[PDB]
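Undergrad: Here's the letter readout for the chains.
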Amino acid sequence: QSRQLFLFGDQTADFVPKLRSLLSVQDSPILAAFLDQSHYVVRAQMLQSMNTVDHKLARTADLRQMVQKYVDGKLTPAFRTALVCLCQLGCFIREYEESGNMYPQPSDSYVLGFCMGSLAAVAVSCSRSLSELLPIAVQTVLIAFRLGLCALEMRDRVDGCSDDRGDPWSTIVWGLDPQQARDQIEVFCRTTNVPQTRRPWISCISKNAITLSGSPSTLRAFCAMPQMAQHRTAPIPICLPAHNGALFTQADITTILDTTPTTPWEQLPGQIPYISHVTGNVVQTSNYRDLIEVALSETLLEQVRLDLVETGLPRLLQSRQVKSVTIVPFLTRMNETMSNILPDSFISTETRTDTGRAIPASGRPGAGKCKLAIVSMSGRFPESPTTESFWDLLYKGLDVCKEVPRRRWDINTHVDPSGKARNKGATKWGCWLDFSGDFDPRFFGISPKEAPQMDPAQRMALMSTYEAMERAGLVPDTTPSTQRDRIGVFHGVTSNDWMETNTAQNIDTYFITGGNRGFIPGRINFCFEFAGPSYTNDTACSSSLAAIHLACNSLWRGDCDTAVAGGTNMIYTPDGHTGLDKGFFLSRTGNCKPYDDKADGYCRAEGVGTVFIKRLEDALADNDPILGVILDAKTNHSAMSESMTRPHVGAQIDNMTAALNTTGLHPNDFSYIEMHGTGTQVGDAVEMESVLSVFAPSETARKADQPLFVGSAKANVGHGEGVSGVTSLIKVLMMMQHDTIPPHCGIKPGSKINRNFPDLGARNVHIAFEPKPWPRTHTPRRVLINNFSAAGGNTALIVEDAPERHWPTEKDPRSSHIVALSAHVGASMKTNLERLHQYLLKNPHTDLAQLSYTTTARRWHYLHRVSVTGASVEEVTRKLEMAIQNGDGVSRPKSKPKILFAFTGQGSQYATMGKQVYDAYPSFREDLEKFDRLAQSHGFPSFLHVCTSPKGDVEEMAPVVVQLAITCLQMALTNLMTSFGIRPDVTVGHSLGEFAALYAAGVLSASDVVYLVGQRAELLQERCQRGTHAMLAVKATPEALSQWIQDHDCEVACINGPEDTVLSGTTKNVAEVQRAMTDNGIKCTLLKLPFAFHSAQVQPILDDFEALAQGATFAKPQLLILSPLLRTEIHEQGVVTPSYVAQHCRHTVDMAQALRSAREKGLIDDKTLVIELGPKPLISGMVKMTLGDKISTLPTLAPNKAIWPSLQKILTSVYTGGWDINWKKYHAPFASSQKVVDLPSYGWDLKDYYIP
Amino acid sequence: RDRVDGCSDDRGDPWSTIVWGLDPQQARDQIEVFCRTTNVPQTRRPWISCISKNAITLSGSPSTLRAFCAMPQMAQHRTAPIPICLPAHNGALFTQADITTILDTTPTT
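Keeping their order, the protein sequence lines are chains A and W.
The opening residue of the first sequence carries number 147 in the numbering used here; numbering runs sequentially from there.
The opening residue of the second sequence carries number 1481 in the numbering used here; numbering runs sequentially from there.
Derived from the structure by calculation, the hints contain no laboratory data.
Heads up, some of the hints might be wrong.
[What the hints assert, rightly or not] Residues of chain W placed beyond 12 Å of chain A at every Cβ, according to the derived structure:
{"no.": "1", "residue": "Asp1489"}
{"no.": "2", "residue": "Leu1502"}
{"no.": "3", "residue": "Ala1560"}
{"no.": "4", "residue": "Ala1568"}
{"no.": "5", "residue": "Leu1573"}
[Claimed, not checked] If the Cβ cut is set under 10 Å, some of the chain W residues that face chain A in the computed set are:
{"no.": "6", "residue": "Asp1482"}
{"no.": "7", "residue": "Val1484"}
{"no.": "8", "residue": "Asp1485"}
{"no.": "9", "residue": "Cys1487"}
{"no.": "10", "residue": "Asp1509"}
{"no.": "11", "residue": "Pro1521"}
{"no.": "12", "residue": "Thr1523"}
{"no.": "13", "residue": "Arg1524"}
{"no.": "14", "residue": "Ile1528"}
{"no.": "15", "residue": "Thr1544"}
{"no.": "16", "residue": "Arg1546"}
{"no.": "17", "residue": "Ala1572"}
{"no.": "18", "residue": "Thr1575"}
{"no.": "19", "residue": "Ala1577"}
All residues carry an ideal CB built from backbone N, CA and C; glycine is no exception.
Bound conformation, chain A alone:
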C-alpha cells in the first residue's frame, strides 16, 4: 500500500524566509503555542551556557526579535541549529494544522532526517496527535540548541584563534573517490606535519561527490594544492564540526542529554518507523530518549552515507509492499530539500509530493493577535476648528506661529525689567486656540453657571468626543461592541492650565471636585455614560501616543470593546514659558522649524484630539467607516543616556526595530515616516540617523524605486507637548483620506538641508516641497509615527491602510426614503437643517438610501425632530428648504401622543393581500408562514395562497380560510409594528378584528386566536345555511329605525357611526325594509353575504362555540381593550371569558359607542394616532364620522397601492410624536443602503463662557 515519507534537512537550508512565514500565521493555536514555548525554553537555556558579554548582545524577548538578531550577526552559530530545527518542526505543525489531515500513523508513514535534521524526525515519530507533539517538539528544540553549543565549544577547543574565523568548515569536492581522498589526506598530513586534531575528514559520501570537513586553514591548504585542481569545489557555509568520531565521544552526547529526564524512559514510545541517514536501515523501535541519543550519535560520531540511504530506501519498501497489495506511489513531504533526488531514484517505482490548506474558516483572531481599526476622529488645532481646516492648512504648507493677543493676556501689561519676581515671562510666542470659550452646556446636561468654571480643554474634549462618535455612526447599546459597559476612555494630558490652581475670581464647593486631573476621562465617562475602564496618562511629550498604547493594550486584553483615546494640551496659564526658557530649550523665534541648518527651538501649541478605536472584527461587523488600522504600539525608555533630556540613538533604534519586528514588515513597505521633529538643532539630528539606520541604511539600500518621505505636523502647527501623538495620527489619517503627501515647510526654498544629512537623496529619502500624489492602490500604505519626551520615553505607532470590504451595490426596492433630523434645542435644529441642505446642494449625487440609513439608524434622536420624504436627492432638498422656511422643529414638542390599534372586520378581503410587505420584510414573511403552519396543525386548510396567489376570489374559498387569512395577517402586522418599536396604548377590533385586538392586548396567544377563529368558522359552515340572511347599510340614526325593525323582524347588526347603521335579517324582510324606507327617501346599500354574523343566523352555534372556548386561556389584558359589545373598557382579568366570546359573535357591534365612551373617559383624545391594521381601511371612516376630522388615522395596506408611502407615514408620525423607532429594523432587509455617509457635524449651540 501507499506510504508517506517525511524528510527533514540540515543547517545548509535557507530558513529565514520560511520562519518569517510561520511568525505571520493567524488561525493556528498549536503553532503559536509551539513558537512561544520554544522561545521560552531557549531563553532559559541561553543564560546558563553564555558568557556575560555574549549574552547581552543576543538577549531577546520574543522569537521575532531572535529571528531579527540572527540576520544581523548578533547571535552565534549555536542558534542556527536551534532555529533550523524550530523551522522544520513549525513547518510540519502548520502543514498538519491547516489541512486538518489525520496525523501520521505508524502503519502508513516513515520519517527520515539528514545531518541534524534527525532530531525533528525523532520528535515527529514519537507522537500520536498534534497535542502530544507540542511538548515533545519544545524539548527537541531545546536539545537542538544544546547540540549547537557542544559543537561551538569543540570548534573553539580546536581553533581558539577562530573566534573570527567562522570560515566554511566544510567543502564539496566532485569526482573524488572516498579511498583516494583518504590516501591524499593521509599523505598531506604526514608531509605537512599537521596535528592529529586538525586533519581533514570526510563528513558525507554521496555518489557524485564527497564533503570534506576540517579547520578552514588546513582544509583550504589541502584543497588548494595540485592533484585536486581538476575537481570542482564549492564551500559549504557551515562553520561547526560534526560527523567526526575522532573528535566527539559518547561522553559529549551524555552532556547534551543532561537536563532531559522523564521518569519512564518510555514516557514517550516511538510510533512511526525511523530510518537512519548513516546506515539506510530502519532503527530498532525504542523510546524518545533512546532515539534522541541515536540521533546525536549519528550527527556527531558517524559519517552520513547518502549513497547507502539511496540504495537502502528503495529496498526497504520493496521488502514491505511486496508482502502487501503491491508497490504503490509515495507521497514525499519535505521541509528543506532532498526531494528532487528521490523521484529520480524512484521512477523505477512510486513517487509524489504534497500541499494543502482546506479547513473551514473560523471566528477572526481573538482580542490579541488582531489589528485595531480607527473608526473616527476629531479635534481642534491652531486656526483649525475642524479636521477639514487642519488639512486645508497642511495642504498648502502654512505655519501659524503667532504671538499672544489681548484676549488671553497682554504683554504690554507685563512690561518690566528682568523677571526675578513671581509670574514673570521670558517668551512671547505660542499657538493658542482663539475658539476656546465656545461651548454647548445644555447638550451635556450642565448648568450655564457651571460652564465657566469648567476647564476649557474638558469642554472641547466633550464636543470633539461627540463629533468623533457621530462620524462613526456610533449609538450606545445598539451593537455588541457598543454596550455602555464595554467602552473605555484613555486620555493623555501632561499640563493642566486654569483647571485646578489658578481660579480666584469665584470659588464654590464644586470647584476642585470635578476637574482635578482625572475628571477629563471621568467627566467623559459620566457625560456619555461610558461604564468601562478610564485612565489618564502623564508621559509629558508622548502622553497621547502612550495613552493610545494603553487603549490598544486594553483592547488586546479584552477589558473593553471600544476605546476613546485622545489628548489635550492647554497653555491658558503662560507660567510654563518661564521655566523652559532657561537652558535655551525654548525658541525666541517662529514655529518648530524641524531638521535643517536653521533650528533653534520649538514653539508651544494647544490642541485637542480624539479617535475611536475598536478591534477590526467589531468595526467590520458594525459597518463602521474605518479610517486606518493600528498594527503595533511600542514604548521604551532611553535610560542609558548621559541625561534624561539627551536623546539616545540606540534606544530609538531599538523601539523602531521592536515595532517592525512585531508587525513583520520590511523597512521598504513604509512610504512615509511621521517624525517627532522636536525642532532642536541637535534633537532632530539624533532622530534622523535613527530613521536612516532603521529605514534607509545605505545608498543602494533596498530602496530602489520606492521613495521614503519624512515630515512632521510640528512644522505646521507647532509642538503640542501632549497632543503631538494624536495630532500626528490625525494628520496621517487625513493623508490617506486625500491621497497626498503634504509639502514640508521646515526648509525655505532658498535654504539648504543640514550638513549632517549630506546625501539624503542618494539614499532615496526625500522631503516633499509640493503636494505629492500618494495614490491608494491594492498595496496598503504604511506609516511610522514617532513620539519622544524629555522624560526619556519613546513611543512608536505603526498605521496601515484600511482594506476594501465589498460595499454590496444593489438597487433599493423602496421608492421613497425618510430623512430624519433632531436636536436638543431649536437653534440647533435650524443649524442642522441648514447644514444638511447646503451639503446636499454641494453633493447632488449622494446616495439617498444611504443618506436615510445614516440619518435614522446611525444617529441618536433628541427632543426636537423633523422628517422629510422624497424620491430623489433633489426632492429631499426642496422639502428641506420648505422645512427651513416654515420652522418645523423650532418649537418645543409636547404630549407624546397615544397610539390606538384598530383592526378591521371581515369585509376587507381581496386577492394579493399584504403581498407587498410579504415581499419587503423577511420577518413578516416568516411570521405569516408560521401562522399558516400553526393553522394547518390545528386542522384547518392553509390560507397562504390568499395573500400571494392572484387566482380565485370566493368561488373556491370557504369562510374559514378568508377569516384566518385576515386574522393572521393582522397578527403579523402587529408583530411587524412591534419590531419597529411601536407600542399600542389601546386596541379595538370591529367584528373579526376583535381576536387580533385580544392577541395584541396579551389576552390570547397565537394558537388560541387561530383555534377560536377556525372553530367558529367551521361551526358556521357546518350548522348554518348559506344565503338566508342579508345586511343593509342605512344612513339613519338607529333610534329612527325602531318602527321599521320592530315590524319586519330585523335587527341592528353594527352601529358604525352617529348616522350609520347596519341591519340584518332574512332576505324577504331585508327587501321589505329596503322598499319601505326607499320610498321614504332613505339611502340604503344592500350587501349579499354567504354568512351574516351578528344576526339570528348564528344562533345554533352559540352553545357549541361556548363549550369549545373553554379550552382557550384568557389572560389578564396588558393594555386597554375597547369593547363594542359591552360599550365600555376592559382592564381586569375576568371580563373576557368564553361567555364574552359567545355573545360577541351574536350581538351588535356598537363601534360608535365604544369610541364615544373612550373619548368621554379621557382615554383617547383628538391628538392620538389611530393606526389601522388590516387589509383595507374601514374603521378610519368610522373614527372620522364618530369623533371628528382632528384625529389622524394611518392605514397600512390598500388594494392597489404601494406600501412605502403608507408604511413611511406611520413611522414618520410616530417618530415626530416623540416616540423611539427601531430604525435598525426598518433598514435591516436592505444591505445596499447600510453604509455611513459623511454628513456635516452637529450644529452646536455655541456660547462664549470665557471667565475674566
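Fit chain W to the supplied structure of chain A, relying on the hints for placement.
TA: This is chain W only, laid out in the frame that chain A set:
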C-alpha cells in the same frame, strides 16, 4: 413555546414528566379520551416524547399535562417531572420549515 402558551412566559414549569409502568398504547388511548372529554385544543394535547423499556416521557403544556396526570387511572403510576421547559419531539407542532429556518446562516460552498 411562546406560540402555544403566550401566558407561559412565567410558566417555565416542566413541559415533561416521566411516568413509570405505562404502556405506550394505553397512554395514547388515555390521552385521546381525556382530550376528547375535556375539549382541549389540538395544539395543547399531550404527546409521548420518549419510549423507554420501563417508562415513557409525556410532554405538553404544564397546565394540561399536570391535569392529565393529576386524575384517576394514573394515580398508581409513579411520576417525576423533568425540569426542561421547551417543546420537542413533536411532528404535529414542528415541520421541515422550522429546520430550514434553523439552518439559514450556515452555507458551505
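Undergrad: Look at each hint and say if it fits the structure.
TA: Results for each hint:
Annotated as non-interface, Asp1489 (chain W) brings its C-beta within 12 Å of a C-beta of chain A; the closest such distance is 10 Å. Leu1502 (chain W), annotated as away from the interface, keeps every beta carbon of chain A farther than 12 Å; the closest lies near 24 Å. Every Cβ of chain A is farther than 12 Å from the Cβ of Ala1560 (chain W); the closest lies at roughly 26 Å, confirming the non-interface assignment. In this structure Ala1568 (chain W) is separated from chain A by more than 12 Å, as the shortest Cβ-Cβ distance comes to about 15 Å.
At roughly 6 Å, the least C-beta separation between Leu1573 (chain W) and chain A is not larger than 12 Å, which violates its mark as non-interface. Satisfaction of the interface hint for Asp1482 (chain W) is found here, the shortest Cβ-Cβ separation to chain A being roughly 8 Å, below the 10 Å cut-off. Given the 10 Å rule on beta carbons, the hint for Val1484 (chain W) holds: about 5 Å separates it from the nearest Cβ of chain A. Against a cut-off of 10 Å between C-beta atoms, the interface hint on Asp1485 (chain W) holds, since the closest Cβ of chain A lies about 6 Å away.
Satisfaction of the interface hint for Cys1487 (chain W) is found here, the shortest Cβ-Cβ separation to chain A being roughly 4 Å, below the 10 Å cut-off. Because the beta carbon of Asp1509 (chain W) sits about 20 Å from the nearest beta carbon in chain A, more than 10 Å, this interface hint is broken. The restraint placing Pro1521 (chain W) at the interface with chain A holds, with a minimum CB-CB distance near 5 Å, inside the 10 Å limit. For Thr1523 (chain W), the suggested interface contact is upheld, since its CB lies about 5 Å from the closest CB of chain A, less than 10 Å.
Because the beta carbon of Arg1524 (chain W) sits about 7 Å from the nearest beta carbon in chain A, less than 10 Å, this interface hint is met. With a least beta-carbon distance of about 17 Å to chain A, the hint placing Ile1528 (chain W) at the interface is violated under the 10 Å criterion. Annotation: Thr1544 (chain W) was flagged as interfacial toward chain A, and the flag holds, the nearest CB pair being 9 Å apart, inside 10 Å. Nearest Cβ of chain A to the Cβ of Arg1546 (chain W): about 14 Å, over the 10 Å cut. The hint is violated.
Using the Cβ-Cβ criterion of 10 Å, the hint placing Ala1572 (chain W) at the interface with chain A is satisfied: the shortest such distance is roughly 6 Å. Interface hint status for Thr1575 (chain W): upheld, as the beta-carbon distance to the closest one in chain A is roughly 6 Å, under 10 Å. With a least beta-carbon distance of about 6 Å to chain A, the hint placing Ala1577 (chain W) at the interface is held under the 10 Å criterion.
Checked against the numbered hints given earlier, this structure breaks hints 1, 5, 10, 14 and 16; the rest are met.
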